[PDB]
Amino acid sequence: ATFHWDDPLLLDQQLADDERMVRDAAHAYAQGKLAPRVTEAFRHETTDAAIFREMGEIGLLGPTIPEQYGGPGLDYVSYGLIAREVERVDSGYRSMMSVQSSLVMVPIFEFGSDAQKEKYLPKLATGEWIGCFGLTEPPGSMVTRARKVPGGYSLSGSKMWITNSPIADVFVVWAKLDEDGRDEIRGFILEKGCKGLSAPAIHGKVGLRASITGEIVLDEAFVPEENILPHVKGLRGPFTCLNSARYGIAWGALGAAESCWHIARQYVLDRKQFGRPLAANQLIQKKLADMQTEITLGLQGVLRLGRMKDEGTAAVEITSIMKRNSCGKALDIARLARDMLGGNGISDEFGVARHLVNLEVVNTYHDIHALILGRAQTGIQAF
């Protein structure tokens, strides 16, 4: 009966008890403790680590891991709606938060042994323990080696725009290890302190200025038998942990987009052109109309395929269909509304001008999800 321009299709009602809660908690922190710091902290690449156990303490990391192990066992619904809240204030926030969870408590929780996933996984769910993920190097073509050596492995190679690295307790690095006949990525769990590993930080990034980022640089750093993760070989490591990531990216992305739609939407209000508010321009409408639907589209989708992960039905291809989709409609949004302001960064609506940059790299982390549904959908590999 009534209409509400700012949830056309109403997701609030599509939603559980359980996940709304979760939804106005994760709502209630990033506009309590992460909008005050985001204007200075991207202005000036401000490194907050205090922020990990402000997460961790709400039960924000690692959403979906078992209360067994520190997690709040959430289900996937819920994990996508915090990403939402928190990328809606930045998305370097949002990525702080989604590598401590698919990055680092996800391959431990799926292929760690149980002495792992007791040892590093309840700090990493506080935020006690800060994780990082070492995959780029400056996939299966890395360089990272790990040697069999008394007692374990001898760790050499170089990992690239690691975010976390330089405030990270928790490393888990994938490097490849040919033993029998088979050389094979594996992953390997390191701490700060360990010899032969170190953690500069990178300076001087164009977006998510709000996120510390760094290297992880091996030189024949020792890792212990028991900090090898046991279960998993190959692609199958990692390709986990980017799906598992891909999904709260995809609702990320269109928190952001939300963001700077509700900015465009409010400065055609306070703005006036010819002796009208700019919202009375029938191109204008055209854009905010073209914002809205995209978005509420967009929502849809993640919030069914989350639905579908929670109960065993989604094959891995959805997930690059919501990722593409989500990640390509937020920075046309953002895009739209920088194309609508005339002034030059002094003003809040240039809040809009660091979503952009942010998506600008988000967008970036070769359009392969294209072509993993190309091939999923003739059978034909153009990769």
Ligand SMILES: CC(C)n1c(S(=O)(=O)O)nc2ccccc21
Contents of the next structure:
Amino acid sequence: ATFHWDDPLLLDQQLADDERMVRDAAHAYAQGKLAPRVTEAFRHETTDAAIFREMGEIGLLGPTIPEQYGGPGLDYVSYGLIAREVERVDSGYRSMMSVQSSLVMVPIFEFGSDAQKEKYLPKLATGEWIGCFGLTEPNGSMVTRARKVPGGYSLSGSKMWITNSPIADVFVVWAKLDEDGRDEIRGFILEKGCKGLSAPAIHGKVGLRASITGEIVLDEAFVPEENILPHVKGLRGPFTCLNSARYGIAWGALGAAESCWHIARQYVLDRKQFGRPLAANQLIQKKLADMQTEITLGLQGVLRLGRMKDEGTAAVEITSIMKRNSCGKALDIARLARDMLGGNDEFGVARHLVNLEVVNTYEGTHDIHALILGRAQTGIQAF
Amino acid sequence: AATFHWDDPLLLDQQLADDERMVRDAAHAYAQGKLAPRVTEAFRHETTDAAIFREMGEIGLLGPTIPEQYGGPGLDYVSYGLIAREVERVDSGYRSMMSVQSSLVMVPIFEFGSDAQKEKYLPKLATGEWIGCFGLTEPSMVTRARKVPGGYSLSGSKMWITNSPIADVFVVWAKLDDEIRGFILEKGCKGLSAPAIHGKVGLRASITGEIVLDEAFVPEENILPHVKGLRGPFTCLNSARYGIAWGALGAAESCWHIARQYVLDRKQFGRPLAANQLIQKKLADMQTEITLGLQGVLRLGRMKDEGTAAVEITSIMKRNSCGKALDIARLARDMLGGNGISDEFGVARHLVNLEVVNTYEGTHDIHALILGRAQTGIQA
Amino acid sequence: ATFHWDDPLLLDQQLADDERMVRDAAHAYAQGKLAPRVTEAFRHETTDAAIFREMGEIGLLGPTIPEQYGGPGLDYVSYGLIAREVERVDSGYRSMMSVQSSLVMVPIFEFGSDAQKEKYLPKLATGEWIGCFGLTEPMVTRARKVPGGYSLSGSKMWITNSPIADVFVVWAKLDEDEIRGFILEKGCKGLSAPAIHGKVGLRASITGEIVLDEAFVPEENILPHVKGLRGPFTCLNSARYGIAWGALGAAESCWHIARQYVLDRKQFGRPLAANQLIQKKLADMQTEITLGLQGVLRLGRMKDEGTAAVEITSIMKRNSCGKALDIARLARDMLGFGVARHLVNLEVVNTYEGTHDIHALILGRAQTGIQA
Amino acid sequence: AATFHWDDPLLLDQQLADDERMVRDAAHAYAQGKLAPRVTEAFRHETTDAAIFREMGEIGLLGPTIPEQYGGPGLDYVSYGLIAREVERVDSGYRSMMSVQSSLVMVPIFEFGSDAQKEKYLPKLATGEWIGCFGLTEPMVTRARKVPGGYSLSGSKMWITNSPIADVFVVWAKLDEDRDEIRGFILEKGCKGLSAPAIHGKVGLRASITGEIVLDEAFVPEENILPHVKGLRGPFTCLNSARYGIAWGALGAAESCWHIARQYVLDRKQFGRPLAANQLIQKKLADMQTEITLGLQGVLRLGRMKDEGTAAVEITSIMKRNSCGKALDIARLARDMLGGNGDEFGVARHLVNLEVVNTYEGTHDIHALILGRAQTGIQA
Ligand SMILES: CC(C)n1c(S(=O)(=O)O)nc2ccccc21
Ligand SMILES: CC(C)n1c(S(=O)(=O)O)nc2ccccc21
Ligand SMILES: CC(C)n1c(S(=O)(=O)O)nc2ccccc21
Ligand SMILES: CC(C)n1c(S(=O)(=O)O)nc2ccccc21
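Condition change, the form deposited without the named molecule to the form solved in complex with the named molecule:
Let's see the whole complex now, leading with the same chain.
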């Protein structure tokens, strides 16, 4: 048997050709269209809404959404593969993509009415309408509220750090509704142009600059009864979305790690020092072996998670394992690779690195997935 | 949703065939039943009960990949892995004894032996009636075979040989002019001696000694006819490494299980230790690395069964398993308070064992360098 | 001009003649009398109280205690250099010494009556009397005021020296409710000190319990001049200072053994010293060791001036012990075996004060005014 | 009754002479007064502010150890270190501009130049009226050929700090005579065949201007070749001096990152509790403090030894490597403590600078190998 250094366990062979064609398409697309924009799209934080129709055309948005509602009907593994190819170029692009697929199309599909499903999904799937997701507030114990009024509801509040909001057409806002006996979290579809709805940008981000982020500002915004999500109440709504998004990020972070690895490898092959090429140094070799190992193992982890999700056998806690691992290992590898590079084109690594610094702290600095896993091992929440 | 299994998050148990699961279960019943009760005294006094060979052999745990034709159990590589894991869960020293039998003695006889050699040695090695060892290392090989009427005369020495003082069968690598050839010798050969080595830091539960050859006669029929060069020895080392890749994860799991149960049992300001944020991160890391390590060795095993596994993959897995296992053992050690009291310090036994296992192939991080060359095309 | 790999910053040239003599004296004792014993003593966890008389003789017990009471009247830097030389052989021996000097002699001297100071210090200095320190419990140990003195019930655990001690500095609670120091003597009825055996590390030191069953202490054997936390804490702080030095002696041994091992080894074609991974590990041991020593030296100089706040001991004890453990592990992972001993000792040393990084929390508080 | 100083636990302040403390104070006032207000926008848009050199020289911050005879302040090595620490505390890019003037231009001329060269160049470099650069690294091809009048120079230098704004160029080229050896030449701005195009779009050290040196048959008179050095000792003497100051500077950067993370966690509240109330945050602050404090003792001691001449070059390898390595770790630790994406992100600037600082001397651990060789007597 021959050894494939770039794919030691032959992931390629563990994929259905079905899944493999999706990867190839995603790769062709991201390399063809996103890679030549990335460097200056990142450097100048340039707003860019192209991705959506481009990805929509070739069926890369909401990949697990059935054909019935305009989705491509792909499986969890294929969603994984797509995320990996986009983030191989940049995490900012992957993020915009995560929002559309996991944070908008998933809740609508999962908790929407048939009318909501048949109305919104097709336009999201093709990228005609761009979505955003309204949960996080400036600080469940959320402030944004919906008061019941003649017709439907009246929403007031703010959401912050919302990817896609300054270019969104469909807003999936989460807010509290006082029903009868207690106050529960509910989901709302708002459309752009609705009065009371602002979404100004956030500028000056240190990382994920290639993605556009903003606020969602709601000042007595009216939502008719037909635009509340009927089939969910409470945490289950927002959490289903975050679980799906994290699964994709678990694949996507390994794409960026691979990019850093391949660059570090090619660099030390091309450069010379005190006689030999840099690749001849044992310290360099160890670093390259550590990168290969963690990526190879990480990929088996996410592949297996996706297989389990398609079977319906994967509990939510497994996502914590892979998301945390993929992100933390990708950050370590991005740093390892940074520290191998001289000379202030290779510096796609510095970009990946600052992206991953943000990705690793996006869900906070208290290692929330460690805590989910610790409680799942012991039954005890850490306080 | 689906149920979360903290102890088997990716449900390894369900990626196994039922014969593989049966082998695992039998290996578990044996180790826990027969090795766990011996291990504390065996280690402390550096005793090995050679009856372990006959016991493991009874159950069909020796040379698991050797076909039934030659008296083996005819199992696949995943099963070999599962067995090493259950044995090492108890003690690396016991796993080492088995690693020698199966990978260092039965494998080369099977791959490189004549029909006569395979028929004579393998059934007895498989049942553990005959105990084997592997003579490669020497304190650039000076042990030499010379042609003499009706065979060969071997002179030289091998050092740090596991099983050697209790071996019935010896696979020795020696130069024959000028290639490396493998020879099968039997205890009682005039010229052959196997003095024991005592006072080990780790792997105290396995026995180690030398092989000393002073014109030891080997008849013609006992030279391994179908191999010459480094490939003979290296095929064996590669097989051994594969099972250690699984085994080290067994010991890792024990350390993790001990550490978890310890922090569950203990208190600190009335809060149980598991309330501690730092403890949770540590348990999460232990769980993550074992879970991923296991997916790695399983996939390698499946590839080796289908013949699609290059030898470099073995370097990835053995290095990772041994490396992460040692870090886990050290993580679990430093979580423990006190100084020896309670079998929570069974972590101390696993720890010293893994410190030997992680340096047995030398201080040079050999596998990082194999993998480095494999990536770059450059010997470093 | 000339580089000293074993002393890059020439600590030798930053020490007074006074201090260099004391160092080389503790070195000669340790290497001549302790090194030949340690391997068997560790193996069999064998007790040997003769070590107390041998150190007393050369004046290594209570090195900062005034000549007036039998101590050698040395300075804090000298106490450190001694700890480092003793632990260079074995942490167990250093621990026996830490107890005599910082947990027994320091408190009698610091908080004891003139009567107490004269009766006990002289014989502790010479090692004729052996002392132990009863603070840690399995606080519930207490002194009932009774006729003539006090009756102590309770139990102390993991007490170094206790099964060979003559003098016990025991800490109990008494109502007036506060923490007081008591002095007990071997033989007193209701006082036993059974041995603890089976240790994984520090096997060369003898540890035991102190079991008090209505043990009598006369009124003259309470420490008059301290109450509350400051009592035990004064002792711990001095012991921790010595350990900050000591741990670096063990680290140095590990580094020297690892270095010599790789000089002597051939692998593939060359020596192990040819390997860059090995050289990087060696560069890391040298760095951390050299920096740690500048830290403990400076701390010592500050303590001798009276400019040293107690928080600085937390910095150095944490760092020396943490780095020493790391270096013992790095050394171990280079060896294909006194290192293995130093390693298990330091694994105990590093968790002796708990597994919750108490010194990190002390320093976090000191930086922020906010308790964790 | 001794009080603890969290920000100076070993009272470094009290280990300085008055001399040295006054220098530190002046460097501190200048950097905080004049550099801090510029740094954010200068970093962002890669501002060239050449006026900084005159500002620095005015107070005696350029070429600290150069004697008064030639316009230098005649300070000791410890003072050089204190200056570097205070400048880098604001930004590594400003420290870099200073390192070049002091260690890479004034040191080579003072140490290896003729009397004529020293009196001509040093006074104007000390005041900052003339700005220097140091041309070693290439994209050694750079050749000086003996002609009538002096020397013709051809070649290119790359990544040369200050070069687009330099008045004085210290360029190292190879010359054959009697054999083929590294010599030092001094060129000046406006010399025909000398150009120095600026590099822009840097990831780190964006506050320092860098560029090229392109020599197309550039004429250097006889009087402008450095006459008292040949071979590697020339450049090496400069690099070593530069490293000593970087060893102090990097620790200033670490201190800023530490001070920002501390203030951040005191200012922030989470869960009705200051962030500083968390155990992990306190460990991180303790590690930052420990490593900074210990590093400072090292570079203090190294400077003292250098002032009395007892310091071998290898000690500079230890401290430079430590300071830069620990600074990066501390910078990364603080960065990871900050939750957000877009002033306490002053840490982001220090971080990207330090990532360039830690790779400037090679993709691999050049100093570790110096210390390895030094410990063992064996080369890698
Ligand atoms: C897709 C974006 C918003 N995102 C990111 S990130 O911005 O790509 O890092 N991390 C997430 C975790 C959970 C849900 C969404 C997340
Ligand atoms: C089985 C024993 C000898 N062994 C060991 S060990 O002693 O169990 O660690 N490591 C090995 C690597 C290759 C081949 C054999 C090995
Ligand atoms: C001297 C022994 C008991 N000891 C030790 S140890 O057992 O040598 O590690 N660590 C200590 C910390 C504080 C006080 C005493 C300590
Ligand atoms: C002063 C600049 C050029 N510099 C730097 S840096 O750019 O400030 O990191 N590192 C150096 C190492 C040796 C010599 C000079 C160095």
